[PDB]
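Shown here is one chain on its own, the form deposited without ligand FAD, set out as structure tokens.
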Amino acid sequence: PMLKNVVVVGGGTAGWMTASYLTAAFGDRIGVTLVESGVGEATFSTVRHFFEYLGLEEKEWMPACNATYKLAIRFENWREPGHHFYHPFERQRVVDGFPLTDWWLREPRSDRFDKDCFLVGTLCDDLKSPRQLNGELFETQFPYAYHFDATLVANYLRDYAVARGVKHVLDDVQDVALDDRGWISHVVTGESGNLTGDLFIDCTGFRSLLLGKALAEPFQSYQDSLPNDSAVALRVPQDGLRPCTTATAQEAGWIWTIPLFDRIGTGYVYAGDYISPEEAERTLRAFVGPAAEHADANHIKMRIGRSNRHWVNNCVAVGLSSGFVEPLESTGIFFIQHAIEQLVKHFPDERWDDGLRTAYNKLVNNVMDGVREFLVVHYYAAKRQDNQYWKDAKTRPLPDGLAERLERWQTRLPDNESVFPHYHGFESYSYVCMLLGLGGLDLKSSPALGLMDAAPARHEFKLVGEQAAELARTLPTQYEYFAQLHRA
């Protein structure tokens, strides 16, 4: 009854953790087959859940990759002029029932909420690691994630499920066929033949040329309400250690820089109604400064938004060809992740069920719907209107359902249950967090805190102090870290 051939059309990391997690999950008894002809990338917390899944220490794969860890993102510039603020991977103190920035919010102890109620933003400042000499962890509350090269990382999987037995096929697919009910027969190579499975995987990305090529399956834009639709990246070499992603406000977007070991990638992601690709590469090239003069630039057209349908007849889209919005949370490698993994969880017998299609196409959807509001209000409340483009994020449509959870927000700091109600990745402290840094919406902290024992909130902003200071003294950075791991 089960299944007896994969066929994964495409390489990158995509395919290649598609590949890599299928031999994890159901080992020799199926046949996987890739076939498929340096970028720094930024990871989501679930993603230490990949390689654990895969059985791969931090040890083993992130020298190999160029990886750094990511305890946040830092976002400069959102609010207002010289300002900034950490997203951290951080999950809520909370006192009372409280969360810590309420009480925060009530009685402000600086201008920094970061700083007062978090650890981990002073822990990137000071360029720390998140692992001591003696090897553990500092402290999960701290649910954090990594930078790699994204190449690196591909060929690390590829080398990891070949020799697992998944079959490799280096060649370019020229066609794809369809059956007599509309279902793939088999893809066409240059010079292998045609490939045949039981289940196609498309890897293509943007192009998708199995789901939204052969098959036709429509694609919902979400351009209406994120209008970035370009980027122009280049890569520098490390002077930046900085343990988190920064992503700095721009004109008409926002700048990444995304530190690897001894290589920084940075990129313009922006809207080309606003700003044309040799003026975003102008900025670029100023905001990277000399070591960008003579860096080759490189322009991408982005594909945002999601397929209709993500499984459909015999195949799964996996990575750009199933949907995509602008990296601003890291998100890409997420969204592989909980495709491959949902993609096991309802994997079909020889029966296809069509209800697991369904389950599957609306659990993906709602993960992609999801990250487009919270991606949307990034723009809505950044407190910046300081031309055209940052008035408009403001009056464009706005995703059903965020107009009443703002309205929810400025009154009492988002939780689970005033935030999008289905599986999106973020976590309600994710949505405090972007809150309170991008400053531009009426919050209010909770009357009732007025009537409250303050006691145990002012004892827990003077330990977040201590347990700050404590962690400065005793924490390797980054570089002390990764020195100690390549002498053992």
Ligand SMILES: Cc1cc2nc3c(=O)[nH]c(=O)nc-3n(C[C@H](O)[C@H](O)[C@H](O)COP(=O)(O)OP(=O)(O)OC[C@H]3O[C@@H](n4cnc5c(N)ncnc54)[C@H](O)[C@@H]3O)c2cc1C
The other form holds:
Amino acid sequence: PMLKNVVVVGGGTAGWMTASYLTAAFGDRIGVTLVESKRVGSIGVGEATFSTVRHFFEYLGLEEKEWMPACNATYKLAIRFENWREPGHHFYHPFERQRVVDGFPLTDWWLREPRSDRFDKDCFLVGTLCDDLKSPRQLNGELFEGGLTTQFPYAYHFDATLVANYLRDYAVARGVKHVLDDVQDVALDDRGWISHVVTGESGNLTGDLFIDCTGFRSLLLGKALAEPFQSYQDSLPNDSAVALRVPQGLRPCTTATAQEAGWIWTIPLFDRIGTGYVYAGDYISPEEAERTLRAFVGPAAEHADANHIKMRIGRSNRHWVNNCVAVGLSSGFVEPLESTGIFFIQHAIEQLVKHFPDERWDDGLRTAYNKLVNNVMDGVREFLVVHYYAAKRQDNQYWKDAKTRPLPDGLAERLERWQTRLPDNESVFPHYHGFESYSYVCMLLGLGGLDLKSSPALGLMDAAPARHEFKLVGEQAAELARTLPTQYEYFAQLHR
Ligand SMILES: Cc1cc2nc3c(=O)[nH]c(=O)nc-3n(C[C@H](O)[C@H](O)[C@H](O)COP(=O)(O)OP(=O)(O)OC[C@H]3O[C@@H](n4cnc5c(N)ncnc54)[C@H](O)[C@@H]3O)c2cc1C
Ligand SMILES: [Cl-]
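Form deposited without ligand FAD already given; the form deposited with ligand FAD bound follows:
Full complex below, order starting with the chain above.
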């Protein structure tokens, strides 16, 4: 007794990732309909991704060389953090797993005896590749790792509208019914379950399962079903953004430049730059934020229209209620400091397939699904609070307040453990939330606000293997700088 029809409401990145993934997972064995407005646009942002996104394209059977040119896409090997510790300081948060020497990470050996003033230069390859604007692939397509299960779980930058167009064509070609219309009413039955959605001129769209991809407005879950929403704003005050699209070497990383009341993203696409100021409206006005952003970008922004966005920061109490699942901004959101919006969508849809119901609608599937999503969002929220707490700067009220806001449960205890020994698998938020322990280590070392200590055991061990590893990183960096093409060179002859 299996379900027969899914209705997806919304045609942004969330809706078309949902629809395309459903056809990849279930084929023609279930019907999928997507309805989307002709007049309400998508949010217009969401252009950097997280490590897991490679597996989304793999699941659909899409190779980089076919979708990347069609989506204005580049590689994201890291995030470059600027001015978080102090003025003029920068460091990389790379998609690069730790090197472990005799049971201890190289970063631990570094902390014992720093080889330079840059932990990321000494311990990692990827930051240097970003500085040299390198492609992660040689001109013959082979990944650089093969010349040294991957140590480099990288991601992408792309135009979210082009990706959504690409997945729409992917999904419609595989039988997804596409309705271009407004949902004007969500009809509930006597159980409070969704019976159908009423469209302006396409009749009623009926189905067994309804996916709310309507964005922040959450027309099905938050509005029609009145599901409570849990704000994160007390712990993360950034509630606003102003975004620009700007004409444009391609640095394979996102840049996050701390500002007086937030931070500015720089996302390099193949032929343009996406940039925006994420800020706290209680500290600066939208006018000041736009002024700051335009001055930061410089003359290239003098003719670009600013896109002002109010963010709904938090998560729904439940994400799957009755026969309705929220995917995308309707489900939850944190500021894009670590590029988690599309990660949340992929997690939501992957776990919806894994917990997909039959006609018995086992409530335990909902309970498990909701716990998984809540744990992912709570964990990312904790990770982001650490960004502001561990940022060394306390130069104004905003950056002082970043250390006195209420911490999520358990973070105070974890902060104390991290100042005893660097974070590892057993000293971070103990549920899946995307980020691995190496991300915590890098952020703490770069942000520089905590009192970090190396493990005393290192003093009783042979330092030779660690010294060899540091030397090896330098040799491999030198070889990669000589051989890898620049990212522009790579895409220039790939766009042939
Ligand atoms: C400033 C900012 C920066 C971000 N940066 C990143 C980033 O770097 N990386 C990342 O991964 N994510 C990022 N995100 C998150 C990202 O934008 C979302 O995860 C993603 O775009 C999915 O959005 P959505 O589809 O849920 O909502 P939307 O894009 O708002 O889509 C809503 C859809 O519902 C439709 N709709 C609405 N009402 C109706 C109706 N009545 N009837 C029919 N259809 C309707 C609309 O037409 C639209 O198609 C960012 C978000 C913001 C605000
Ligand atoms: Cl995000």
